[PDB]
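Colleague: Got chain A; can you put chains B, B' and A' with the ligands on it based on the hints?
Protein chains: 4
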Amino acid sequence: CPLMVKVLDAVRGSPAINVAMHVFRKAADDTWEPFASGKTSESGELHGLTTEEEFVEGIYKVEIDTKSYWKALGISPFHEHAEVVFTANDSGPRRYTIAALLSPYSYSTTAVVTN
Amino acid sequence: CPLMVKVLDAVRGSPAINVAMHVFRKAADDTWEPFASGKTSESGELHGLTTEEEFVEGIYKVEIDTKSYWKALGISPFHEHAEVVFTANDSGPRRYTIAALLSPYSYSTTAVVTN
Amino acid sequence: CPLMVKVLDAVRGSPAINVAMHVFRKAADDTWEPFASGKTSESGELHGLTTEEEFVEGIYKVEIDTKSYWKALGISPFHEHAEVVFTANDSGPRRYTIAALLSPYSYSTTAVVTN
Amino acid sequence: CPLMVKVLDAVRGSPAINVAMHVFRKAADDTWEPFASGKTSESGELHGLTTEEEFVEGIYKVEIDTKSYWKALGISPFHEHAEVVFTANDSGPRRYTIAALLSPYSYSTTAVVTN
Ligand SMILES: CSc1nc2cc(Cl)c(Oc3cccc(Cl)c3Cl)cc2[nH]1
Ligand SMILES: CSc1nc2cc(Cl)c(Oc3cccc(Cl)c3Cl)cc2[nH]1
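Chains as they are written, first to last, in the authors' numbering: chain A, 10 to 124; chain B, 10 to 124; chain B', 10 to 124; chain A', 10 to 124. A prime marks a further copy of an entry chain.
No lab work stands behind these hints, which were simulated from the structure alone.
Check the hints yourself; a few may be wrong.
For chains that are exact copies, the list does not tell them apart, and a pair is met inside one copy or across any two.
[As the list claims (entries may be wrong)] In silico DSSO-like cross-links for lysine-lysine, where the CA-CA straight-line distance does not exceed 30 Å:
| no. | residue 1 | residue 2 |
| --- | --- | --- |
| 1 | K35 | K76 |
| 2 | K80 | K48 |
| 3 | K70 | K80 |
| 4 | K35 | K15 |
| 5 | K70 | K48 |
This is chain A alone, in the form it adopts within the complex:
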């Protein structure tokens, strides 16, 4: 699994469950083409977005739909979504974990890159 996302909720002290996210890849004409999408499980994890063959070099954007997550819980948050934009596989294949911690007016994201 070369691209996985883990999301935690800092208000409830729990995984962030049912968070939708869309992944895009920058096309040669510099537009964002849809690449993969999914939602976090009961563990706050989203696996199986892509494969080693399909996950070629490029610039990728992970849009985490944090607004829909908070609204579904009856909370009005600040951000529309959280964005994680990065060049992937520039030096050969890597495995990426994107971790996110969500509050209504704040979020943090970090990346774990392994070879």
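Modeller: Structure of chains B, B' and A' with the ligands alone, referenced to chain A:
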């Protein structure tokens, strides 16, 4: 000053100086049109982006060029840029402060909305 | 002002007001002796904790009563308090700003050390 | 496993490996008694600190030795250590995961509490 941005460097424990950013407003056709831009000062702050008359309700995107910042320090970063995407909503007098804390593989952002 | 603390609320997107904290200095027998204390202002800031003459090199602990803050908002928090423990070291003129961003089950803290 | 700790490094984009930590529990005389200790594995995780029987109600402090971690990597950080202080098992047994993200001048911690 209805919109200010402050950027901090978590590696050096200092304001992030000379960090360029652009602010976009979402248009009716869902494109991002330029709205304002600048570079952070020696205090890591960027003031004077817009005025109350101009800063109407809408969806705004702040795109922070974190990659050039790390590159100029000789450090290889993960992210192409940091994005902060939010709705401005009229609810009493509201000043927006967007803060971003930068590390090579991570960033945190929070909003302080005051009266 | 060689030592200032700023506290933000990530649930409400606001300064954390009336947050009490104590600062301790480590003594030669490894106990923590009281050094300074106060409560954050309406801007979430606590100034005037110490002076340059008094703020000598040493290990300092800032103990922030985050639990009382959340309790007064009707929210059950995880942490008993937030601690920031650091060494003050003379390297040019150095002002210390300690920032803490509070959520019920999380906190982030950073230091900005300027000249 | 009722108490586990996961630590990530925001500078290297990796688990934080070989981070030492000491856990203390507040005794009836209000002193901190040593409870458990360990170091994070290659995955940045520390398991096996305690057992369900031994992990009774109380106030616990997890001291994460972030200074030794950064120094061992030749970096001079701000904090002496990161502290996580919390009441555990007040409403019956729970499982706690403490997650931490480390930068030289900043850290974030969050808690995941499951039943
Ligand atoms: C893939 S299993 C897993 N490892 C984790 C490591 C950490 Cl640090 C974590 O918390 C965070 C995740 C993102 C930003 C911050 Cl600021 C924090 Cl604190 C959750 C984690 N979940
Ligand atoms: C209301 S104006 C304001 N000044 C600030 C100074 C600091 Cl250092 C601050 O910290 C942070 C900024 C971003 C992420 C994190 Cl994780 C933290 Cl901790 C927030 C601030 N907001």
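Colleague: Each hint needs a verdict: does it hold in this structure or not?
Modeller: Against the structure, the hints come out as follows:
1. In the homo-oligomer, the alpha carbons of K35 and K76 lie at most 30 Å apart both inside one protomer (24 Å) and across protomers (16 Å), since each shortest distance falls under that limit.
2. Within a single copy, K80 and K48 get their C-alpha atoms as close as 16 Å, which meets the 30 Å cut-off; across copies the closest is 33 Å, which misses it.
3. When the C-alpha separation of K70 and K80 is checked against a cutoff of 30 Å, the pair qualifies both within a copy, at 23 Å, and between copies, at 20 Å.
4. Taking CA atoms no more than 30 Å apart as the test, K35 paired with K15 passes in both settings, with 22 Å inside one copy and 28 Å between copies.
5. For a Cα distance limit of 30 Å, the shortest separation of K70 from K48 qualifies both inside one copy, at 15 Å, and across copies, at 24 Å.
Checked against the numbered hints given earlier, the structure satisfies every one of them.
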